[PDB]
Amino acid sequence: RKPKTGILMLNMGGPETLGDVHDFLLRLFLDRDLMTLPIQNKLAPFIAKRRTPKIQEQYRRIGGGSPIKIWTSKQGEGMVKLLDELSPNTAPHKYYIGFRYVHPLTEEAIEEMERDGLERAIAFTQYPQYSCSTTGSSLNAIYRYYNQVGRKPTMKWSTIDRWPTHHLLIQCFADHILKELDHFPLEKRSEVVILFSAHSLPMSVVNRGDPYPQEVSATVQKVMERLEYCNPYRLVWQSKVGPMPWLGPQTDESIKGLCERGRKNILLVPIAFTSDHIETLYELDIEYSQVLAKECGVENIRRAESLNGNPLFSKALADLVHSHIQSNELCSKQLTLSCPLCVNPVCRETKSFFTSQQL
């Protein structure tokens, strides 16, 4: 029987193969929400072309592409199986992938969900911690889709816009941290320093009121409480690019700083994403752990395994959707408050799109 409930899994996405790099960058540079560039329609295609080689090279170093779709698909399948058993009344559940900058695009997904004639659609962001640059961007895409297509939705919409402290998400993180701690030499386990690492944000974004830093911090505290503060930690930020100021400490400088100060046993913990991608396989594993860590003289540096295919994570996803359905919530209370210094007109339209949904 036809699907009744569609769960739209939102993520930025990553190029699956080296050939997809260029268009990935192009869609990025054309996103007005994310960037404001002079003669953007001409620069974007250009900057995309110029940066493609370097980014293709990064992906080549990790196998030739991003595994995000594979992991998202696996998580989505496991989620659905559980949902059908957890919430029979919401008939067959079907997951859809809505990537922001690669296929399948958010728009392509919405089109399919509508074609499937679903009764309800749930915008389920895959970023546990809300950032206007990530989840916000994905939600704006949904609102903009219908606004641009000049048609109203044929399905009842709602969103799970954030879930920084979901108990099962926390357990997965804690479990992966513990098993990785077991991989360190036993004589240095207690000496191990935990560096939670999350993608950074330009200070200009943080200073406008972005909810991200605070939520990421919340996730870290929850994980450490569950670990009973077994090891000391610090929350640091990676992926900064450009000359502008970003939220620090930077993960690379922190790794180097710690080593130079005698803390040569480090456990990196990606805390703001649920699957492997360029951030973990290239930035953390290659440039920081193999090169930087090497030249600084670390003794042991490891990275907790990304959630990926952990069955407990699929359970978390299903639990979130199930609880969302039972509560009848259209969105979090947090989504009803835009950044104090928000200057993007769509943000308010997007929140209204969700808070105003029928039912």
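Just so we're on the same page, rigid core means the largest C-alpha set that superposes within 1.5 Å between forms. Positions refer to the first chain, counted from 1. What changes on going to the form deposited in another entry:
- For the residue set 193, 206, 82, 281, core-aligned C-alpha shifts between the two forms reach 2 angstroms or more at a single site, 281.
- Comparing the forms between the two forms on their rigid core, the Cα displacement of residue 334 stays under 2 Å.
- When two forms of a protein are overlaid on their rigid core, residues whose CA moves 2 Å or more are considered shifted, and residue 320 is not one of them between the two forms.
- A movement of the C-alpha atom of residue 291 reaching 2 angstroms or beyond is seen between the two forms when the two forms are aligned on their rigid core.
So that was the form deposited in one PDB entry. Now I'd like the form deposited in another entry, please.
Partners and other molecules omitted; one chain follows.
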């Protein structure tokens, strides 16, 4: 049967191999929905070229690239299989990968969706917590596409723009934390510090009203409640990319601080990005790890596994889409409110794009 319902899985994407780093960075620094730079069209290319060496080295340290495409595809296949059983009235379902900075690009995915003659299209962000820099940019890309081709969608659109506390997502995090805790000595498991680490945001973005910090905090609370507060925790942020102020505490400085204060066992939890990504200083630098181990005597620093191919995660995705369909919603109530200090004219347009959709 011809595909009836399409699920566009949105994420930033990642360079599959080290050779894909340059174009990844080029598209990233050109994104006006992510950052604003003077003469951006000319400055971005320069920054991308100049920064490619450093980033290639970082990806080499984690295997030689990002596994986001393979993991997203696997999750997409699992999701669709469950959906065909859960929602027979909207079946068959088909998933499409829409990466912001690498192929398949958001634009390429929309193009294919239209060609498949879908009846329903769902913009399903793969970031559980909403940030104008992530989901916002991906959604704006959908609006920009149609406003670029000067044509109106031939499909009925809607969006699942956030899901910071979905029960199955929370169950997955809890399961991975418990599984990792089992790797620490039994006599020390109770002393392990759970350090939830989410990518930071520049303070200029936090102060304009970005929804992300509050939503990430909500995910953390739900996970700790599920874990019955078995261990102490702190939500910290990984930044270390520029000179200006970013939301802290910084993950690196926090690990050092905790160890200097007697906490020798730490469990890092990737609470806001479900795929493997670049790790922190104390996980990749031998010199630093040794300096820390000798000065504070750190004993164990581990990182919980990314949600990757957890079947319960595919179940979470299918559940989200199913509920979305049953609710007949076009977007979350939250998407109808722009940041109090939003200065990006496209945000309002994207909002209207979804709230005004047929049906």
